[PDB]
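Place chain C on chain X using the hints.
Chain by chain, the residues:
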Amino acid sequence: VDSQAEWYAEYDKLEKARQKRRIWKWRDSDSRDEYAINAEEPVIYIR
Amino acid sequence: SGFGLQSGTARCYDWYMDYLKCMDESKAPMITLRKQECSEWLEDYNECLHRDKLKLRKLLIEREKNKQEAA
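Which chain is which? The protein sequence lines are X and C, in order. With our numbering, you'll find the first sequence wraps up at 47, consecutive numbering, no jumps. With our numbering, you'll find the second sequence wraps up at 118, consecutive numbering, no jumps.
In case anyone wonders, no lab produced these hints; they're calculated from the structure. There may be inaccurate statements among the hints.
Unchecked claim - Derived BS3-like pairs (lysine-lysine); straight-line CA-CA distance at most 30 Å:
(1) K114(C) with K100(C)
(2) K13(X) with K25(X)
(3) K102(C) with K68(C)
(4) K68(C) with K100(C)
(5) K25(X) with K82(C)
(6) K25(X) with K74(C)
For reference, chain C alone in the conformation it holds in the complex:
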């Protein structure tokens, strides 16, 4: 869809549109090639959707904090 819940657009609509624009700019003759060229934009969209890198960073910080506290 792309529409928001309260109004406007979805929380991560713009990141997806960025990736789509990048694919449109690319001249690769196959979609697979274009996705390979635009993979970094897809990684940004996935990062905004789930915040996996931020979760890993928080996990590492918490774990080190626990190690310092125990010592």
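Chain X extracted, bound-state conformation:
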């Protein structure tokens, strides 16, 4: 039972989850009309 390893592993897991959450929270508008904010996105419109 290596307590130091367990503590560091748990802290790392929580920190990775926090980072992933913050990356996930970066969300631009996904509106089809809003072409300006999403100019680089590859979309095809059938209209």
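Frame of chain X; chain C shown alone:
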């Protein structure tokens, strides 16, 4: 729509398409910004639709003509 009544396209379709092309050229990250950059084209489309400037000009000419006639 954009289609004309008899054929072709609407009376002011080309002015609107000009404004849309200008907005497409612009690189502004928001639509509001692009409309601000392309406002002059919108003013041209509105001018063709209603002829408000020509109506004002005619009103001023008529009013001055009336003033000259009365004098």
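Here's how the hints hold up against the structure:
| no. | hint | verdict |
| --- | --- | --- |
| 1 | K114(C) with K100(C) | holds (21 Å) |
| 2 | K13(X) with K25(X) | holds (18 Å) |
| 3 | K102(C) with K68(C) | holds (28 Å) |
| 4 | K68(C) with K100(C) | holds (24 Å) |
| 5 | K25(X) with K82(C) | holds (29 Å) |
| 6 | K25(X) with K74(C) | holds (25 Å) |
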